[PDB]
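Modelling step: build the complete structure from the supplied sequences, incorporating the hints.
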Amino acid sequence: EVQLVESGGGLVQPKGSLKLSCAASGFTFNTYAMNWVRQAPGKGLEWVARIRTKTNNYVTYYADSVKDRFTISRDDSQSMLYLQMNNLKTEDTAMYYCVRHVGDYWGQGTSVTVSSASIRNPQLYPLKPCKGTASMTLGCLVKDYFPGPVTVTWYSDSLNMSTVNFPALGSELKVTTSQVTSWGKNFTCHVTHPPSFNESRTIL
Amino acid sequence: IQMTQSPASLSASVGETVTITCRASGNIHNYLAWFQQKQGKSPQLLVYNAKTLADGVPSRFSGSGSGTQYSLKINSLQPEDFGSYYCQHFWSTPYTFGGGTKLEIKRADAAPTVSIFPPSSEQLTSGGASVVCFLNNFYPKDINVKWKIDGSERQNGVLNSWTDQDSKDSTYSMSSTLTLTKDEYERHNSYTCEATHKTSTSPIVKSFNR
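Chains as they are written, first to last, in PDB author numbering: chain H, 1 to 184, 188 to 207; chain L, 2 to 211.
Bear in mind the hints are in silico, worked out from the structure with no lab data behind them. Even for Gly, the Cβ is constructed at its ideal location relative to N, Cα and C. Some hints could be false.
Derived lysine to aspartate or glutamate pairs resembling DMTMM-like cross-links, with alpha carbons at most 25 Å apart [stated by the list, open to error]:
(1) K128(H) x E81(L)
(2) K42(L) x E172(H)
(3) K42(L) x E1(H)
(4) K131(H) x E195(L)
(5) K131(H) x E123(L)
(6) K131(H) x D167(L)
(7) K43(H) x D167(L)
(8) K128(H) x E17(L)
(9) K43(H) x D165(L)
(10) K39(L) x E46(H)
(11) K39(L) x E185(L)
Now the stretches of chain L that chain H is said to cover, found in silico as 3 or more residues with beta-carbon under 8 Å [said to hold, decoys possible]:
(12) 39-49
(13) 96-102
(14) 127-134
Next up, the structure:
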């Protein structure tokens, strides 16, 4: 029942600004102490900020890494938590999760990339076996995509299906593939890049 | 107060009990919490206040410890407990996290299934060509994939990625892509995917332009 939606994250050039919103629902907002937590592209987690309740007069604690650069804030009226990031360094490139108290409930997270390069929307290619070598498998390819993450989901006519999403291999221009196992006539992979790339290609 | 966690990587089969320890810089007074984070998913709380379990967390996830050192014992390891585990304290600001522990579900070794997929025409018109080979349902994770073009090893440019262990089978899966220019694709007519683990003979899948 308790849900936490994070929004407003994406590509932000260094020495810039970005604002992150954690829209909460399913519990009393003004009674809990809200924290933020980030995680590097492949490294471990890290605590960034915390905001206490109105009874504690909105006490805020920041980590020494973003001490003077970040600014947390909350609005218990609309039940949303905000984190304002200023003077963004390249090291801050991470995925940010908003969490409640000691971590009872976490969010889906939103990816923030601090880079000087430009968003290159993905180039999705179909992958099918050569005719005459029909097999119980298929897949799609997502080449030259920056920045993460790519939302690749599969829609097929056969009820039973098996889909496996592979990790994105890249640091400057990423690439990811995704396989499907024919279990149980056509299929399509819907790729979705954060700067509005709602595109898909079908294989039959 | 910073936290150090041990071990960094553990591997035990289904049913064997494991014990991850987490040390601290000082006395955090039972303000620690354990999280399980599966790959590409949000973390989930396991144990809070050193030993108190959380709702929905099964009873096999016994927490333990006191003072400046804490531990986490998982008896009867289920195949759905793969992933990394973190320890965080809440005594003093800043609330430092832990290093992490990659828990691999050890399983009986299995040979891979190799399927090779030829480059699409749309990519060929774009000026490049990438051949993708999918290896699924294999254990262990360590595998040697060598791409051969007309009988010549071409490991110069390849992008390999490993999926997380399947929740039930505890099996790994991998994708290997060979990216080359269109001029190179027309020059050579034979392309093969070779994977070497378990049995020395390499499960291979080849293709030709025609």
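Going down the list of hints, with the structure as the test:
no.: 1; hint: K128(H) x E81(L); result: violated, 32 Å
no.: 2; hint: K42(L) x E172(H); result: holds, 23 Å
no.: 3; hint: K42(L) x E1(H); result: holds, 18 Å
no.: 4; hint: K131(H) x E195(L); result: holds, 21 Å
no.: 5; hint: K131(H) x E123(L); result: holds, 17 Å
no.: 6; hint: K131(H) x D167(L); result: violated, 30 Å
no.: 7; hint: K43(H) x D167(L); result: holds, 22 Å
no.: 8; hint: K128(H) x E17(L); result: violated, 42 Å
no.: 9; hint: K43(H) x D165(L); result: holds, 16 Å
no.: 10; hint: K39(L) x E46(H); result: holds, 16 Å
no.: 11; hint: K39(L) x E185(L); result: violated, 40 Å
no.: 12; hint: 39-49; result: holds (count 7)
no.: 13; hint: 96-102; result: holds (count 6)
no.: 14; hint: 127-134; result: holds (count 3)
Of the hints listed earlier, those the structure fails to meet are numbers 1, 6, 8, 11, in rising order.
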